[PDB]
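Chemist: Here is how the chains run, residue by residue.
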Amino acid sequence: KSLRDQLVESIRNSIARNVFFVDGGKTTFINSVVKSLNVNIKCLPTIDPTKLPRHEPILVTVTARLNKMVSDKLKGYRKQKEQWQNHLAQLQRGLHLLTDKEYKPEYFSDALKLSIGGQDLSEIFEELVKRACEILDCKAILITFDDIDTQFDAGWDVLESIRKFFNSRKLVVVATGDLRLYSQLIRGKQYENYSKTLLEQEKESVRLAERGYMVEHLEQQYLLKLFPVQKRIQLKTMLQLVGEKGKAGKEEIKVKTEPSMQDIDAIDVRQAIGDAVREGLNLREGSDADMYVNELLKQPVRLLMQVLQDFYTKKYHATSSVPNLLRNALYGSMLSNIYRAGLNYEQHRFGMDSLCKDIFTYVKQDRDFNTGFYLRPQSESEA
Amino acid sequence: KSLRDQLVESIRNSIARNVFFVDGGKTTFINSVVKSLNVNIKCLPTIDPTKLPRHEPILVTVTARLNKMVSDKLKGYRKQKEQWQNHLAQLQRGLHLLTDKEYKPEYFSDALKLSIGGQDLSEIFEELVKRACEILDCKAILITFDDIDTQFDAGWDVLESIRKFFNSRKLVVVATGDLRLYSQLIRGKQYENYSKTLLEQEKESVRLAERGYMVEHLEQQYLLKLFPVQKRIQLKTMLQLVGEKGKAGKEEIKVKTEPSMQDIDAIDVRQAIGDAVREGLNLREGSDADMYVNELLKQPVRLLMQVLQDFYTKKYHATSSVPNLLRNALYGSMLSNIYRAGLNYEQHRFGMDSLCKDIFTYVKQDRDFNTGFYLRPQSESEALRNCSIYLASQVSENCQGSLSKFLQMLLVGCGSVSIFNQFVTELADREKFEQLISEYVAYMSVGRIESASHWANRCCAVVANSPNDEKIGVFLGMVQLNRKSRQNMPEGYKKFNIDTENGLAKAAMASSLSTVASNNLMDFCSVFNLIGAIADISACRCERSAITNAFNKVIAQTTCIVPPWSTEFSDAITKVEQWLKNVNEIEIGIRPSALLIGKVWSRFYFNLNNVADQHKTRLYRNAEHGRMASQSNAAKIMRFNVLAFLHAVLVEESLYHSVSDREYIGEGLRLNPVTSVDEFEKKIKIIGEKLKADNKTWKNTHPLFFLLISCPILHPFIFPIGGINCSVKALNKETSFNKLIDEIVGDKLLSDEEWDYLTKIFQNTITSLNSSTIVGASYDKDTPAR
Amino acid sequence: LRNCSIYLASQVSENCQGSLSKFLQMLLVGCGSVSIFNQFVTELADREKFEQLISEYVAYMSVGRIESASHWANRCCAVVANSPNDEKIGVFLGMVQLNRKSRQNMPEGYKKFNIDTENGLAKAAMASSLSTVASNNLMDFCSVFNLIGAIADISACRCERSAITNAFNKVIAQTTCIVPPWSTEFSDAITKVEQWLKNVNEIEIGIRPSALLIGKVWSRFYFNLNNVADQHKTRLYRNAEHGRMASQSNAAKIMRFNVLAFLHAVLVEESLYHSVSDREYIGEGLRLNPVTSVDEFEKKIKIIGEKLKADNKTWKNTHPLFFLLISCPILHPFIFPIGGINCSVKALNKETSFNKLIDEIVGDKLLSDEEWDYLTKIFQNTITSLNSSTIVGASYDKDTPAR
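From first to last, the protein sequence lines are chains M, S and R. Per the entry's author numbering: the first sequence = residues 35 to 50, 69 to 76, 81 to 94, 102 to 140, 147 to 183, 190 to 395, 412 to 474. Per the entry's author numbering: the second sequence = residues 35 to 50, 69 to 76, 81 to 94, 102 to 140, 147 to 183, 190 to 395, 412 to 519, 524 to 661, 704 to 897, 909 to 934. Per the entry's author numbering: the third sequence = residues 475 to 519, 524 to 661, 704 to 897, 909 to 934.
Quick caveat, the hints were computed from the structure, so don't treat them as lab data. Be aware that a few hints might be false.
[What the hints assert, rightly or not] Computed footprint of chain S on chain M, listed as stretches where at least three residues anywhere in the stretch have a Cβ under 8 Å from a Cβ of chain S:
#1 168-175
#2 190-203
#3 265-274
[Unchecked claim] Every beta carbon over 10 Å from chain S, so not counted as near; a handful from chain M, in silico:
#4 228
#5 326
#6 335
Idealized CB from N, CA, C, for every residue including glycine.
Construct the entire structure; sequences and hints are all you get.
Modeler: In structure tokens form, the structure reads like this:
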């Protein structure tokens with residue numbers, strides 16, 4: 035929340069690249089920022112790439128949303150209009166280029182028809204932004220982009236749209252995601268700019284090496300230019316948002332455990348999770364549980380919310412064992428991890444025999460072999 | 035600035069290939089030159112292939128731009150226009166040649182319609204530019220081409236246009252980037268000149284050899300013609316524009332840090348970077364900070380500027412820690428560096444746990460294993476050199492104001508590598528090498544550190560798992576005493592019985608104790624184990640009870656396995714807890730730098746090598762009572778081990794702790810007390826006299842050394858039974874040393890009666917280890933006479 | 475490669491022009507390191527194995543990323559030590575493994591080497607020559623290679639008197655280095713050294729060292745070291761100390777002759793190749809390496825000096841590199857050691873003329889006449916303990932043959 039506020043101030047005191073990034081839910085924070093923005104800058108409905116069609120330009124997407132916004136602000140209460154239609158028509162005409170798998174020469178006369192020469196869709200875009208600012212009495216336009224977690228390849232489309240078109244002084248953009256993926260994307264198409272035959276021929280370690288160093292150097296230089304460090308938001312985690320062991324608690328949350336919870340019975344967050352772990356673990360209130368739950372809170376907020384909202388939910392239902416309901420939650424929470432582990436998938440083969448081999452396998456992958464049966468959250472692998 | 039100036043003169047005095073290249081903001085320089093020309104030549108709008116459609120001819124792009132210029136110069140104020154359109158139409162209809170993926174016969178007649192014969196758009200272009208000059212009233216025109224870093228495959232087409240159209244007299248070309256990439260481009264592009272079948276047929280090494288050799292021959296053959304060297308631009312760097320170490324400074328720049336600086340408060344560039352590095356890293360203004368800042372200036376202007384424009388701005392925001416704010420900037424600045432490094436990306440998983448394994452990992456890609464804990468950018472890897480800086484910043488961030496966290500770092504990050512390279516490198524091939532390091536990490540739980548005593552007790556087994564040459568249980572900083580007290584052996588030498596010790600000394604050596612469970616379950620005694628216990632107990636809290644709990648846990652005999660490749706304490710508790718109440722309040726100013734802790738570990742580890750070499754051949758049947766320097770016992774060995782520890786502490790802290798702006802150790806041959814304490818005592822005397830003269834305390838300066846001598850768990854070891862040199866020349870120095878200890882600590886550690894007893909029930913001192921028999925030591929011969 | 479070689483030669487010259495310390499650093503690091511890899515390091519080397531070996535080699539000496547000539551000296555001393563066979567005589571290519579543990583019941587007055595028995599400008603030079611390897615048994619070797627690395631380190635730091643003392647400590651102090659993983705009381709010496717600096721920093725401006733001359737110097741001097749080592753593994757007799765006739769040798773003679781071979785190659789190649797001069801004053805003679813004597817080197821000196829005087833040439837104008845090398849205060853002590861000076865009537869007369877020639881070239885008398893007569897029969912600037920310094924491995928069972 036305060037993260038959203040701070041970032042809002044950062045964006046506002048920016049108009050006096070132009071991309072702010074959100075590290076990581082993230083969607084919730086971004087929407088909160090959007091609403092907070094509603102120093103005159105005009106915002107637009109979010110841009111969720113992963114739920115946008117495969118082949119269209121983020122350029123056309125933004126152009127259409129701008130069309131809607133301007134049409135509304137113009138249909139309310147023209148000379149702005151025809152000129153805007155003019156800009157829009159040139160945009161559409163010199164827009165084939167993006168799709169075009171080949172150059173027909175016929176566009177040679179299109180590029181010759183009468190401040191750098193040509194039909195630069197970027198300059199058309201910049202003049203469109205100028206027109207929008209003038210019409211809307213805004214200092215700039217904010218653009219938004221949702222995470223590409225479900226589809227991380229299209230996001231490079233946003234990257235390219237930025238590099239070609241949002242290098243304008245009237246536009247600021249907000250990207251969000253985990254920069255690991257962005258790194259693959261940069262790399263992901265870095266190596267394709269190589270020739271296949273060359274990679275075919277020089278598969279010697281040395282040559283592989285210099286190619287990798289060049290590619291990753293270039294990637295680092297592109298990522299920095301795209302996302303200045305200051306312009307990206309660090310974002311607090313839930314665990315940093317709650318007391319580490321009681322010596323903290325910056326902006327507590329509080330959660331509701333049973334239906335009534337009239338805002339005064341809301342059973343903590345840390346305390347509720349500690350209760351759940353202790354009781355579903357036959358665990359007692361020692362320091363061991365505290366560490367288990369600290370390494371339980373850092374987990375993705377959606378993961379924790381589902382795991383602790385299916386626990387107390389089924390507990391309320393059962394009230395009209413605690414741990415059995417508890418690992419009922421764990422099946423759905425970490426099942427992907429366990430199934431990746433290759434261990435028991437079927438629920439009806441639980442028994443006592445299967446559990447022995449379950450721990451036996453888990454220790455074979457965490458190595459250990461000395462206290463792995465401790466099952467302590469000690470692995471580097473989050474799986 | 036002088037760069038592009040000389041550039042402009044060079045272009046102007048060229049009309050009287070015509071390709072010029074700027075090696076590399082590169083675009084900033086090129087565009088600045090662009091405006092510089094605004102010898103009459105017409106400049107052309109900058110051309111970035113990456114800002115251009117994936118399928119376009121630079122020919123068409125240039126043609127359209129030429130169109131705008133000729134037209135508007137002509138819409139200003147006719148015969149030129151229509152003939153120009155004649156040239157334009159000739160271009161256009163001959164243009165398909167560029168695009169067409171096939172040859173259609175219908176164009177043969179088109180080529181059959183009318190100065191060399193044919194439909195060469197090259198010439199078409201040259202008379203085009205001829206007419207353009209005719210109109211524009213310039214002796215020639217410059218074409219510009221932007222860096223292709225974002226998509227370097229585009230520049231290839233510009234290249235063909237180079238060979239194909241820019242082979243004209245009235246043309247000057249300007250290109251930007253890193254010619255290494257262009258080399259990459261052409262090297263591949265030639266490969267498509269080959270028949271694939273050829274390639275999968277003659278794939279024998281010699282054949283590949285001549286094939287490459289020809290390829291590189293052609294590569295250079297091209298690059299010469301495209302980019303004659305006389306026309307290539309050097310592009311001096313910032314380090315080439317800023318004083319290297321003060322004997323330079325050609326036209327210093329000055330950049331802003333806070334909002335105001337009305338053109339006078341601009342704090343240098345070198346000076347500002349030195350500030351950022353030193354105070355964001357606890358680096359002092361020694362000789363390293365400059366080299367680091369130079370290795371910070373060597374990086375591209377954008378990265379350096381952004382990292383030096385973010386740090387100070389967020390300083391301003393926060394002020395309305413320097414080490415943490417500094418690591419913040421480096422985090423993004425080298426994220427891709429780090430990300431490819433596979434290092435901790437989870438900002439929520441930074442801690443001090445991930446830090447130590449981060450140091451270890453870096454010390455595996457950098458190789459080293461000798462001073463990699465120094466973390467200085469010594470590696471060629473331009474990604475590792477800056478990861479080193481970021482990791483140093485993070486270590487300082489973690490250790491800000493934390494005595495026991497500093498202890499934990501020095502132990503885990505530093506000694507883990509020291510023990511590996513000298514003790515775990517005899518096993519490891525490459526894949527087997529990373530495996531071995533993996534199980535090494537697993538045994539130590541490095542990065543996933545449990546406790547300092549845990550790491551020490553693992554290190555004790557590691558140390559035991561190798562040394563030979565008389566098989567003496569007297570290692571770097573440990574003494575392998577006999578537990579099974581059944582060995583026909585002389586005088587009063589015996590096993591170690593902890594029950595014979597009392598108060599704050601029994602627990603002290605029981606904590607320095609190490610009882611590994613290899614199979615023999617040998618009980619080791621190591622300065623490493625005792626240091627781990629001290630680090631464990633030195634930042635628990637101010638509580639009286641949990642202090643007792645940790646007291647027991649550390650003193651409780653804890654048993655560990657070898658790596659798979661081989704009522705009576707309420708007084709000591711009060712004393713230790715008073716030492717903690719001192720430490721937790723005087724440590725808030727500790728600002729150890731990664732280099733500081735690297736030096737401390739290096740010096741103490743090697744002093745341990747010295748004390749391990751020099752003390753093995755000193756074990757005699759009468760070596761007990763340690764009166765001379767030729768008499769050795771487990772007690773004296775461990776006392777000298779702790780002495781090396783504290784001497785390295787004081788020396789490196791006086792030398793390199795960021796809180797200290799000048800040296801009080803003195804300019805001399807810093808040597809170590811190995812069989813005598815003369816070095817340590819003399820250095821202490823000089824440091825104390827310097828502190829008195831400059832009106833400073835051992836708390837203001839040398840607070841870490843102060844607290845380390847102030848540890849109640851260490852005091853019994855300083856003057857143990859059998860380890861105090863009773864020679865008169867030795868006695869006076871040891872007496873002065875005891876006086877210095879009492880003065881610095883502010884308290885008299887040992888009573889006069891205790892001191893005289895030793896120098897001829910004793911709590912606060914070791915009384916059993918002198919007669920404690922060390923396994924392996926023959927104790928056959930006696931000390932030589934004379 | 476035909477062009478890479480020329481580029482490298484151009485770079486080396488461009489770097490080393492007018493810079494004596496830079497000449498030394500390059501001459502050593504780029505050339506002698508390669509030779510060492512060849513003769514001693516090639517004994518392990524598959525092609526991937528060889529590349530791993532070369533990578534480990536370069537990582538060890540920080541070749542390309544050298545910290546200091548003294549640092550590479552400490553590393554290369556251990557590198558050299560990690561091999562020698564054939565009676566395991568502690569006198570290597572250009573260095574000698576000193577016995578650091580003086581518990582060895584050996585004859586006459588032979589003992590360990592104590593730096594405490596030595597004082598001032600000789601104590602410090604010998605301590606810097608000391609090579610304290612961190613191998614395992616902690617064998618403190620001594621190399622003329624170690625010393626020359628020290629000279630390279632200290633030759634072009636700056637003119638500051640105090641930084642002279644700092645570097646003096648850093649170099650002469652015990653230097654520790656592990657084996658590669660494949661096996704006050706100096707206030708006068710400091711003044712002399714800084715005066716030598718105040719001369720060198722100003723007479724070194726004309727040196728134009730070529731890569732060819734650099735390589736040839738190493739080629740002659742390394743083989744001279746080879747021969748000075750081969751000829752003297754079987755002359756360490758119980759009476760071999762005192763170095764009176766040509767048939768008695770000791771560690772002091774070893775050090776003197778290693779330094780002498782260094783400077784002999786220096787003079788020969790300077791007269792032969794240095795671009796500063798258009799002619800060779802060495803002469804059309806059978807240029808030989810003085811191994812068990814100084815006769816060849818002294819004949820060369822006399823001829824070169826006489827022709828310099830005939831041609832109106834000074835040893836600063838010609839042989840400036842060699843001039844400054846001979847002028848080095850630290851090289852002075854090894855020139856006329858105790859027990860390393862051949863006292864034969866004919867040997868004595870050539871040694872005396874050699875002393876006089878060196879003195880005239882330098883422009884100052886290194887040794888007092890009492891020092892000279894004592895050597896021929909508290910002596911600062913002179914090594915006095917290495918004569919009785921027992922060499923690890925030398926049996927010292929036999930003595931000089933009679934007749």
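Chemist: Take the hints in turn and mark each one as holding or not.
Modeler: Evaluated hints:
{"no.": "1", "hint": "168-175", "verdict": "holds (count 6)"}
{"no.": "2", "hint": "190-203", "verdict": "holds (count 7)"}
{"no.": "3", "hint": "265-274", "verdict": "holds (count 5)"}
{"no.": "4", "hint": "228", "verdict": "17 Å, holds"}
{"no.": "5", "hint": "326", "verdict": "16 Å, holds"}
{"no.": "6", "hint": "335", "verdict": "33 Å, holds"}
Going through the hint list in order, the structure satisfies each hint without exception.
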